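What follows is a set of notes on a single structure, which appears directly below.
Just one protein chain is left out here, and the rest sit where they should.
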Amino acid sequence: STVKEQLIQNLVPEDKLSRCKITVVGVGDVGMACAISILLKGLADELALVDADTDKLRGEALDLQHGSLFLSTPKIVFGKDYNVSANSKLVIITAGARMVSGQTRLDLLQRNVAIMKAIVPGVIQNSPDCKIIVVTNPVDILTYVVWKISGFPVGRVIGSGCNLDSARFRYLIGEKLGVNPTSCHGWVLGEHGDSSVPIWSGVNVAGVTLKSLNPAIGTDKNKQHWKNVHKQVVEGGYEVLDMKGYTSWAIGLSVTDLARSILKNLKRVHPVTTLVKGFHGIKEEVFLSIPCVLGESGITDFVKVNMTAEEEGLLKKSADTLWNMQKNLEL
Amino acid sequence: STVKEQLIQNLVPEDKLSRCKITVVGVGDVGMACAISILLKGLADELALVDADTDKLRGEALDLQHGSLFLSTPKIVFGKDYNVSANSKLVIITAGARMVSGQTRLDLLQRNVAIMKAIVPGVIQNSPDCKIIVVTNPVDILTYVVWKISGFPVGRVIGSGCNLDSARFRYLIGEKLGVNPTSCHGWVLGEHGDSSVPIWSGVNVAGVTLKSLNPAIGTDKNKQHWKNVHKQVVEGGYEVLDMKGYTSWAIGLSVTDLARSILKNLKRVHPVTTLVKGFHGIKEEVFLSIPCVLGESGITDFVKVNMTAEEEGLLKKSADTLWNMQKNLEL
Amino acid sequence: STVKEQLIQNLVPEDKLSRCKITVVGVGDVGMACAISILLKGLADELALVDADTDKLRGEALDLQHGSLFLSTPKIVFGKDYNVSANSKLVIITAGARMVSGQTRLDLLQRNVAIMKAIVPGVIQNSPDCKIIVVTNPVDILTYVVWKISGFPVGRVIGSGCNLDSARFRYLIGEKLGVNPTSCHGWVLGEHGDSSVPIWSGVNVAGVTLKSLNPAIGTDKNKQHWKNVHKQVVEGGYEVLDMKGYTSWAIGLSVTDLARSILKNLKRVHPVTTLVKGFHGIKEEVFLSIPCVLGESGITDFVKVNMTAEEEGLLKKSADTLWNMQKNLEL
Partner (left out) sequence: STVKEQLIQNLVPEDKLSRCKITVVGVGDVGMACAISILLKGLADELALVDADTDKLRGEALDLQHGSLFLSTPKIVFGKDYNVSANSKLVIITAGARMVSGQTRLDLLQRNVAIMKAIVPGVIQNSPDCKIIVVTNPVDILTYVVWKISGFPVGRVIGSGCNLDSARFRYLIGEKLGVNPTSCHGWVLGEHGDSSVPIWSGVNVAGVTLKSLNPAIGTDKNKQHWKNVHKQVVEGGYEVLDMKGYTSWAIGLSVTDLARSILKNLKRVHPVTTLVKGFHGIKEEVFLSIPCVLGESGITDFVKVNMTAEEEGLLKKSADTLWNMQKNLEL
């Protein structure tokens, strides 16, 4: 009778389905930049966005929706509740309390565990076999919170860690040789913040033992400027926000780069946060970041690097900072 | 003890998985071009290639394998048997008996149903809920064979149909206006070969009723050159092979464009082959191609166009050609 | 002596170059979303961002810079001046005075011509043979301003027009059939705002004369709900901002889709703004949008559609609204 009933013909049984989604908790600039980009790629055919600030969301959501004619992801849903997350393959938590010129440290912490207790677990009740990337901040300590508060195998529960930083690093690093940050290699681990031990021991622009930045050593630590790449790194997180008044794009790209790996089962190794519970001297459910291999099923395996006496020193140190911090609950 | 046992750390339980594959039966130039391209995109994280010509395959396969460092699909497997297809989401049959300057018609037919009886069903015993794209040729009649020989809902069993042709068409068509074949629209259906009724009734370069090529009518059929676009289309299939001695690339791209749609659940409508069993006068399990909507779960729905008295005429006609042909078995 | 002087060897003459850039004036949410996306593609190997709000820029800029390790565009520059735009191939003006719940109409107009007189011309003194996409708003009237104020051939001076709207349209439109907005076709022209005559005469979901939405006509205008798709369209621009408090993503994607076409010389036809100076009755340097073909060198050619008596009516009407408005200068 209708144009519908006239133009289109409904091929009988099996006229409904479902499968493999992406969901992002909260669309604060970040939650959001980590959105669009999941889109400017084909990671997900259903991307559901869960926020509690109902207003902006159905606004932002509809923006993406109007945007359809460009995406390669037909379904884009939104909810005020986690029911709207049913059967996600990957959930990315980016809700809490973001940034303030000065503030930013692990200050947004007792503050966020609260955000979590609520936000996180519950999401999980929905997509029971989900896999979580934690972006919030605090990534370490939150990964821990979530880890704890959720109760599924770390592998499933992962964190943004230093994937970010390391990248921030490869950038600057390459800013000096005149070589692509893809084409220079260096690792920064420990904490995602100011306890960041880069790990010069292993820094190419060709190969290990091959072009290790060490063999030509204008030092790299023990002097002659390069420490600064590292001081530039850390500070670098800060300087951004002071100016645009937040940390957006670059966090996004990072994550989607984590997703990319997980989803396409790339088994591309990564610096992410996990339980170093009993690695290089650390023996206490401290989650900091370490180079790990990521696939379909989470963290598969870990990569146990060669930190020099103190590279291990420093790391041993973060571990601990990060550690008492965790004498937790809402108490 | 080992570098393995030394460099990498095995994150305990859940160190194995599996999920959503692509498989291509036979790697004859086509089977193959329809391969690489599935690769120069991220449709599949596991693409298994099943051929019986064991030799060339483990050669070609290894070529792609050496090729890893570029692909975004970690696993690429090969088999002499269909066991190597376990739990594919999409199987693409491109094995039979391909082309010969002159030959090419629906000649490669009794010839191929044979290829099928064997090849097809069996593949299915493995990935029971698979979805099939039939490229072989004969696409129509084979779709039918396979349909029949397999026994799963058409929706699942699909064919290359004219997606190809229509594209071949939009090309030429646009070759004259100086407008992109994306940006010109026209549909050619019926048979994939020489019974190809384009369907001028509906041919934009803007909109329907809007810029329909009809309203300015330097005719389009009933004279003044354009029939030729169509004569150029059909012939066009032939001229290729005469020269490179086969039909490769363009068939590939087409298919992957079918996959793309299926896999990312795009619900992008397409001209593909299916059972017009009881549409526009045809009432007999004749499979020719018609504009249909494709998603995750197969053909979802059909699009019932407005063929003019004879557009319906011609189509009614193919249907039938195609039809007795189907008084089949190996008999 | 140095690691530089040690690791890398400088292959003598020809150790410097330059060529084909993208530049975006102002990074207000939009200027910005229209940024990242130019990045989540390979349109430009040098993208310079010119803003006057020096603060946020060197913040936002550095955000993208830290972001390097993901981009396929090595150079990302920023300036407080247009000198920083030298030899751009495409400049996209997105600076002025953006949005306000209610406000939004062609209010941001005397306001912006001012923004222009300054911003625009000057940019041009730098990249003399540049090509401009105008996003600001007002797109029509601004295209005109810029056109005027710059003095290069429209072809070069283009505007966002309704590429946006039409897309906004294909969306909703497809929201009802259950078909992709790529796979449904419809055109909305005239003004980018509330004088938007869609152009039902030509609306497929197959072909013109073929599946024109007209032949089944649950009307489309002259009743039985569809006008609303159009009322939904226009309103649709408004509802967004009311909520997220601005119009970001979808404008971005649109533009980059214009760039894409221009840059890769796609000669993909588009609804954009240009001088309808003497088309369908309009005879006065009124710039509204019409379906045009875009390539390397600008607008190449125009597409002269079939508006029904009044489709031509309405268009004839916008033209004029838009027209007196243009009895301009700063006077």
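Chains: A, B and C, in written order; residue numbering restarts at 1 for each.
The rule is simple: a contact is a pair of C-beta atoms (placed from the backbone, for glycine too) under 8 Å apart; a residue touches a chain by one contact, two chains touch by 3 or more.
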Among A:241, A:305, A:319 or A:322, residue touching the chain not depicted: A:305
Omitted-chain contact residue, chosen from B:182, B:228 or B:324: B:182
Touching residues (missing chain, whole complex) on chain A: 178-180, 182-183, 185-187, 199-215, 266-269, 291, 293, 301, 303, 305-306
Chain not shown, touching residues in chain C: 6-11, 13-17, 19, 42, 45-46, 72-75, 153-155, 260, 264-267, 274, 279, 292-293, 295-304
Missing-chain contacts mapped onto chain B: 2-4, 6-8, 33, 36-37, 40-41, 55-56, 58-60, 62-70, 74, 167-168, 170-171, 174, 176-182, 205, 211, 213, 216-218, 236, 239-240, 242-245, 247-250, 253, 257
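Simple rule for what comes next: only the chains that are shown with their structure count from here on.
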Interface residue identity across copies chain A, chain C - same or different by half: same
Interchain centroid distance [CA atoms averaged], chain A/chain B, Å: 39
Intercentroid distance (Cα basis), chain C paired with chain B, Å: 37
Whole-Å separation of chain centres (CA-atom averages), chain A against chain C: 33
Per-residue multi-chain contacts in chain A, two or more chains: 6-8, 74
